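> The lines below spell out each chain.
There are 4 protein chains.
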Amino acid sequence: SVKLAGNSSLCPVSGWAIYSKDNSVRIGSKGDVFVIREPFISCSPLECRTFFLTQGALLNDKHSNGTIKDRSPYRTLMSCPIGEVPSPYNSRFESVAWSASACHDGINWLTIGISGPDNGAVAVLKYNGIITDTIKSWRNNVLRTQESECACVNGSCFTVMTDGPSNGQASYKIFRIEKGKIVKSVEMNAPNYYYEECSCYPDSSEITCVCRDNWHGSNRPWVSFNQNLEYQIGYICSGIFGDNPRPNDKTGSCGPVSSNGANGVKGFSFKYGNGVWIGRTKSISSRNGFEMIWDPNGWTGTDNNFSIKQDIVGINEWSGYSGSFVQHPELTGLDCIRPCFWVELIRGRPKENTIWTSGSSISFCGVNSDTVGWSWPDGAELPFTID
Amino acid sequence: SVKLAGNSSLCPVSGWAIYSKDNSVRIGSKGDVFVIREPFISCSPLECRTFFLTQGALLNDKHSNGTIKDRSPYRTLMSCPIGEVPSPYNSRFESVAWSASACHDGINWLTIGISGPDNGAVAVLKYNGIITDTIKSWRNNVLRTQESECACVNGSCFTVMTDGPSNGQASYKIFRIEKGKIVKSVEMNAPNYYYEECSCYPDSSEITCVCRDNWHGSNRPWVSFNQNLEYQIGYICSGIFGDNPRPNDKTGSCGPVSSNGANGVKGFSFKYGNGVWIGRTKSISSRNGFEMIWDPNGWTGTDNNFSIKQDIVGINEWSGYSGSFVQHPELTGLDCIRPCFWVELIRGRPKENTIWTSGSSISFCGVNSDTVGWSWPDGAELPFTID
Amino acid sequence: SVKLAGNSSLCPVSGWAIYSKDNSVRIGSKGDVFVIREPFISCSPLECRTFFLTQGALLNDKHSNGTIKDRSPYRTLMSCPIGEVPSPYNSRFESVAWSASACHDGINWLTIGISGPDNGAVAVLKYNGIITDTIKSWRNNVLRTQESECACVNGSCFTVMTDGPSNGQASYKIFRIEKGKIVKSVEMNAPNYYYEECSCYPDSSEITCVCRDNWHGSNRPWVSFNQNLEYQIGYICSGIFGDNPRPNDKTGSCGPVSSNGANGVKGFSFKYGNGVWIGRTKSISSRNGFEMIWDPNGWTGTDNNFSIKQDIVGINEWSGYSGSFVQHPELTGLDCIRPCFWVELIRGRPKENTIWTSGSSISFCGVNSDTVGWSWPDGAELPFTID
Amino acid sequence: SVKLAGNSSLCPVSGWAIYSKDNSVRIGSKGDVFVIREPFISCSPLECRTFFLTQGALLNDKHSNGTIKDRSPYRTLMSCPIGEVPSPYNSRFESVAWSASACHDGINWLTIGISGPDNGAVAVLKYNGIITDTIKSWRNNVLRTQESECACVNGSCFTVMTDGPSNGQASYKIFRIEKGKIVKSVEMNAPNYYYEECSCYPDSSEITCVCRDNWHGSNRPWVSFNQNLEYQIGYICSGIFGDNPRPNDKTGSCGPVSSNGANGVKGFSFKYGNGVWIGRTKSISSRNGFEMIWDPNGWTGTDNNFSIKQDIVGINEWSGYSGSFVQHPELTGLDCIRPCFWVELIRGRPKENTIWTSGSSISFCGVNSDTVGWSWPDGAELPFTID
Ligand SMILES: *[C@@H]1O[C@H](CO)[C@@H](O[C@@H]2O[C@H](CO)[C@@H](O[C@@H]3O[C@H](CO[C@H]4O[C@H](CO)[C@@H](O)[C@H](O)[C@@H]4O)[C@@H](O)[C@H](O[C@H]4O[C@H](CO)[C@@H](O)[C@H](O)[C@@H]4O)[C@@H]3O)[C@H](O)[C@H]2NC(C)=O)[C@H](O)[C@H]1NC(C)=O
Ligand SMILES: *[C@@H]1O[C@H](CO)[C@@H](O[C@H]2O[C@H](CO)[C@@H](O)[C@H](O)[C@H]2NC(C)=O)[C@H](O)[C@H]1NC(C)=O
Ligand SMILES: CCC(CC)O[C@@H]1C=C(C(=O)O)C[C@H](N)[C@H]1NC(C)=O
Ligand SMILES: CCC(CC)O[C@@H]1C=C(C(=O)O)C[C@H](N)[C@H]1NC(C)=O
Ligand SMILES: CCC(CC)O[C@@H]1C=C(C(=O)O)C[C@H](N)[C@H]1NC(C)=O
Ligand SMILES: CCC(CC)O[C@@H]1C=C(C(=O)O)C[C@H](N)[C@H]1NC(C)=O
Ligand SMILES: *[C@@H]1O[C@H](CO)[C@@H](O)[C@H](O)[C@H]1NC(C)=O
Ligand SMILES: *[C@@H]1O[C@H](CO)[C@@H](O)[C@H](O)[C@H]1NC(C)=O
Ligand SMILES: *[C@@H]1O[C@H](CO)[C@@H](O)[C@H](O)[C@H]1NC(C)=O
Ligand SMILES: *[C@@H]1O[C@H](CO)[C@@H](O)[C@H](O)[C@H]1NC(C)=O
Ligand SMILES: *[C@@H]1O[C@H](CO)[C@@H](O)[C@H](O)[C@H]1NC(C)=O
Ligand SMILES: *[C@@H]1O[C@H](CO)[C@@H](O)[C@H](O)[C@H]1NC(C)=O
Ligand SMILES: *[C@@H]1O[C@H](CO)[C@@H](O)[C@H](O)[C@H]1NC(C)=O
Ligand SMILES: *[C@@H]1O[C@H](CO)[C@@H](O)[C@H](O)[C@H]1NC(C)=O
Ligand SMILES: *[C@@H]1O[C@H](CO)[C@@H](O)[C@H](O)[C@H]1NC(C)=O
Ligand SMILES: [Ca+2]
Ligand SMILES: [Ca+2]
Ligand SMILES: [Ca+2]
Ligand SMILES: [Ca+2]
Ligand SMILES: [Ca+2]
Ligand SMILES: [Ca+2]
Ligand SMILES: [Ca+2]
Ligand SMILES: [Ca+2]
Ligand SMILES: [Ca+2]
Ligand code: NA
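Residue numbers (the deposited numbering), protein chains in the order written: chain B, 82 to 468; chain C, 82 to 468; chain D, 82 to 468; chain A, 82 to 468.
Just chain B, with the same shape it has in the complex:
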């Protein structure tokens, strides 16, 4: 058992091969499946797991009523093996949480679960399931974190948290965590930027995060930093705008794009020099479809020209959150950090006529062998009996 090095570079990839699909909402029509949202995948050196925030309720049961609501004392962070439906009969309990992150350092799992009131929430940190630290709201306004895996390099794990309004300037902090203990934190000097729900990955011993600007950006903000949390900030320049909502593609910007910039969705991108692989919704106005786009100058260039598009979910199908996850050399035997991604397929409120909201997931891993575009949607037939 050894710490993940995290010192190799990301594997360059040409396409995305399908890795998992859980069908949770379809199975939940009869089976005992948690109502969940905000799922994500994270791997150890031995396995990949899906983490998710339950609503303390099963699908097709009356307790799923009102699960559009984001924060309650019932919500818990749990995990199961990748591609299995999240059930009380296969799910490991992690934390009481309405916002979370998790990652494995090579030795044990770090989990971060935030609960408590909007005016004073507390992140509880656990290492191997023992509480090892806490951090409390410093702006008293919905302390919130990634909803995806943290990133680890040589025994240190890193995450981003946000505290403040969701329609204006907020405060953003970056953390270094070792064996579940916060050993350093810094508050970002980022005037006119906004960051939340960051998707962060390791790459050549450094951390890159691509986040959501809910304030006034239709492109995605990024922050990268080293083990000492010395950081750099920007927005993805590509005119292939990554957020949802967003305008139609056109010339981009290296700061925040204000057009359709308010609101957003969690997402990700991978940086390869001046190029970028963007995952995004296919619809500009709602969480519908999903596609991956390789723009070989999109990190720093502002044109809307790109070279590869691979379909993942069809434009008439419900999508949702998406996030990065990696497979390290210690897991794969490769000489590089493999990029993967998951997509959350949201069903129910607000877009459908149900009492509940819940998601399934799909996930894909980067390869340089042949791949194909298609649509792998949630597949459930709504409404359900309970509705």
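Simulated from the structure, these hints should not be mistaken for laboratory data.
Identical chains share a label here; the pair holds if one copy fits it or two copies do between them.
Restricting the straight-line Cα-Cα distance to at most 16 Å, the calculated cross-link-like pairs of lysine to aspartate or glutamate (EDC-like) are:
id: 1; residue 1: 84; residue 2: 411
id: 2; residue 1: 352; residue 2: 287
id: 3; residue 1: 150; residue 2: 199
id: 4; residue 1: 143; residue 2: 462
Got chain B sorted already, so can you dock chains C, D and A with the ligands onto it with the hints?
Just chains C, D and A with the ligands now, with coordinates in the frame of chain B:
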């Protein structure tokens, strides 16, 4: 595999971080979850587990009827991982039981399960699941034990059992157990005191139990003892009365407080010199709400002043039993024994219009980092389909 | 990993302490629990498991119809941990079977599953889940075996099978099995005896079996043998008759007792010199109640006097099959082979008005510490929804 | 962990002993069991597993509707222990897949899952659950593979895939795979032959596959090859025709038998010099019944005489796909590779009045000890509540 030392002091703590919530009643509306009461938590050097008394029945099925009744031949002690719902599909069988205790000495689990008739019940003790001893009622009036973890120091484990009436003087025995074999017991000389449902923990090689006076005490009795079962007795002196029911807070006593003293609820407290961390309901008359209070002179002083209160369950929400559990340094890597606690959130009879009674649970661990009060209640909407 | 020696003697016991209870029929009212009959318990050096023959159907579902029927191609031998309900979500598959045995030699499990036609059934033998032998019907008339654990001594396991009519002379064979291969078999010369559903245990390197005489005996037949299968035969002499049905107690006999001798129930007894611990039903006419009786001269003496009676199930409660199981020193750390027993609590047809028949279980281990009689019945309220 | 040698010969067998039956459809009347088809069994050096293609839906739920359809984005390759029902609570996720194969090389599991569109499907290969390679359709017409285990010899695993029309000449490729990487493939020169759904097994370091001619053969095509993918081709010569549909038995041919040759069913056979063990349906026109036949000159001789027949499923009962699996010496301790087989028992559409199609399974292993013919059918009573 090594014996827990049990020789360090209790970790000093400033507040309580949420550790687990299982949502059992919410989930059992649809899923297959045991009807249970008398849950508790106990840890080995490798994991923590929820122990509970089943009713041999599942939520929202007809055999849930009558489960207000405490003692039957159908009740079984079973256990599942912390924060998971207790289900037939995830629960390990421990013992046939309508009163129980369990604790891990560092090598194997000890379990104590009392079944049989009210006039001659028998505790069956198991070590690693094998029957290693029995002990029979010696007063023929409902032999009963902790309903929370026993406590272990250097390969010996300790518990308390009571036999006799619940509305007057009863008999109270302390036991030293090694590899599931009773090696010593003493009957306590405790005239005008009453002990049941003790929450016992180790602290610097000695055991301290805080219990329930069902006879005539609205404050809690305590007994502390060494590995030779040489014991000291007393009641918590604080005017912050710990039992339910109780009077409003006023000047306390170091003997039993007779005002509102009859009846009770299982609870716990932690001694820190002359100070005390008290867990109690928020209502003085029913099992509603829960709070943690630090009273720096409350173990020995009778005033009703305290220095810290942390809300756990709101006053208008159902609560129930509570107990202590510890995390030893062999589990955590700390230099001290960490105090934690669980609360049972009882739903159904006698307070609600159901045919059944069952609980869910929440637990917290003591920390010195930032924490917050809130309410994490059961959350189920009663009555259910079967009612 | 080492072979069970099997060379110590049975632990003398003074009473029976309750070990497990599954509540399967109560739980199966809503949960996903197999319809089963013919359960039994068997232990390895690490754990005890319950084996059972499913009917390829779940309780309270339409496929449980007609499960009074003994033999079908749907019936399977499965196992789960002791005291858990048998569900498809916790159950290990063993063999396709309508009659069975299993036992662990210290290294691996042996399972014996008989299926196929009444006129040519085949026992399939498996070691560690691999098929290692078969034995086919030699009288073409329902080849059948113990429905309880086989017995192992020094790497050899032993069982008994029967082939022929159930209302007359049949044929009875004894088998020695090593690593799942039949290494010797003998046909018993036992004119005027009848043996089936033998409960067999090791004791001082030899096997004792106590069986069912369905032809013309209301006491139980026995056969004991060494590793070479050189055997002796007799019937339990005590006037405390062990079978069901049977007459009221009176002077017994050392050969078959013809009064109420046709028909029967699987059962067991333990021999301790000239004395016997007898488990039997409390009713003389039907499968109701259960009790254990220590008769200090009952193996070889014919009087109906006895020393100890311990109630297990009350006379107005349903019982059923019962069988021996042992815990070897390699499991317990004792210097003797510990005797235990289980009882099948049968519900449904033919005594109740249901479409199905299915059983739960209770089990007890022998101890020399204090015990108590009680009733631990099945507890389900019939009929069920499906009826 | 050591690589399976795969260099010994097939064990000679006189008959087939029943190994497993899962009763999936019967159990899924109430419990949470996947709608599935295309099951198959494959073994590591430590256990045997059932692999199957789910429909992303449970039996007796509305999302089972339309499951006659073969290919969708919801289908997933998943696995559970042999003989257990495939449930979301006991099944391991393998791959997104509407056509599949898997096999264990002695060190790790290889899985092959084809998803994507009919005009450009992609097989995703995983080794130990990590994506190790992909291969894309090369004729753009439903890339498809074995629906049974691939075959392994000294660290290399072999499979066959087909691409093109199912009512005419298509293209057939053989693959050598090492640690989940395709290291060699060849396209077969096979004019006038047709191969799909190959059942492949190792025998003396070489692979023999018996497949389905959906174009114009009522006998089965075979291809055998060495580790270099040097291959020989042929059809089974026996006038005991192996496909469904087929003619009644008459003189066979060593080329495709065109009488009733169109359409087909996945099946298997085992070669023993000039002889052959044939598994087939009992009906000549529909997937009903199953029997095993030993024809001592049937691999190369065209007569319709055989030496042994062993009933498996009766003629009036539903059957389906069948395939081979092996137990290598590293698992059994034998000196030869043991042949086994499974049969899928298909229920629902198109033959029955349901909204859904699903299968259960049975399997058998080859022995030289005594065996018996019988019928072990699915057993479920259709239609179901949902229909
Ligand atoms: C939760 O649990 C409670 C407590 O048990 C249930 O309340 C019981 O409900 C049952 C069923 O309704 C009651 O049992 C019934 O009693 C009837 C009347 O019994 C008395 O009066 C008759 C004369 O009419 C006398 O013959 C008899 O000796 C009694 O003095 C009976 O008529 C019913 O009998 C029928 O069913 C039985 C099954 O054994 C048949 O054998 C009979 O022939 C007959 O067909 C029946 O026994 C019982 O009294 C209630 N108990 C209490 C304490 O009130 C709740 O119903 C339950 N709730 C839910 C939701 O399940
Ligand atoms: C339920 O089982 C009954 C019997 O209890 C079924 O009736 C027939 O099939 C059985 C085969 O197992 C036999 O046991 C019966 O003797 C036989 N004939 C009868 C009762 O006349 C009956 O068809 C089944 N019920 C349902 C709902 O299908
Ligand atoms: C709290 C503001 C933030 C951005 C608007 O809300 C997020 C939006 C969500 C969304 O856009 O779907 C779902 C997240 N669960 C929620 N996070 C929390 C902590 O409640
Ligand atoms: C036996 C008397 C005792 C104190 C009143 O009853 C306890 C009270 C209970 C309670 O106050 O909720 C529930 C406990 N399950 C019960 N213990 C037993 C062994 O039945
Ligand atoms: C086969 C005759 C035998 C004795 C009457 O029947 C047994 C009786 C039974 C019984 O008396 O309850 C149940 C057993 N499952 C059955 N065994 C078999 C193989 O069917
Ligand atoms: C694609 C052609 C092929 C042969 C007709 O269809 C198969 C026939 C099937 C059948 O005959 O039952 C079911 C298989 N699931 C299907 N394979 C695929 C990949 O869909
Ligand atoms: C990465 O870290 C490993 C393990 O410590 C080290 O041996 C190696 O020199 C470093 N870099 C690369 C790119 O392999
Ligand atoms: C959902 O909650 C609303 C408002 O509290 C209520 O009207 C409705 O009955 C609920 N539906 C269900 C199925 O519980
Ligand atoms: C990794 O961390 C360890 C322990 O802090 C340290 O010894 C080592 O130098 C670090 N390696 C790098 C490349 O930073
Ligand atoms: C506690 O016990 C340990 C382990 O036996 C021993 O080595 C140590 O000296 C003791 N520590 C304290 C704080 O008393
Ligand atoms: C712990 O127990 C062992 C065995 O009884 C004993 O030798 C040792 O002295 C004990 N340690 C203490 C500190 O009591
Ligand atoms: C039992 O067998 C053990 C282990 O082989 C042996 O050491 C011992 O002598 C035997 N005991 C008796 C009483 O025969
Ligand atoms: C037990 O079996 C082994 C191996 O056959 C043999 O060597 C040994 O003598 C046997 N022991 C006894 C006590 O018979
Ligand atoms: C097969 O291979 C094994 C292991 O490599 C070797 O030892 C043996 O000689 C070979 N066996 C046969 C039957 O050829
Ligand atoms: C099944 O699917 C068909 C086609 O969409 C539809 O017409 C039918 O109503 C569905 N039936 C059920 C019972 O859901
Ligand atoms: Ca935005
Ligand atoms: Ca560009
Ligand atoms: Ca009191
Ligand atoms: Ca005070
Ligand atoms: Ca008899
Ligand atoms: Ca006597
Ligand atoms: Ca259910
Ligand atoms: Ca054909
Ligand atoms: Ca021939
Ligand atoms: Na009956």
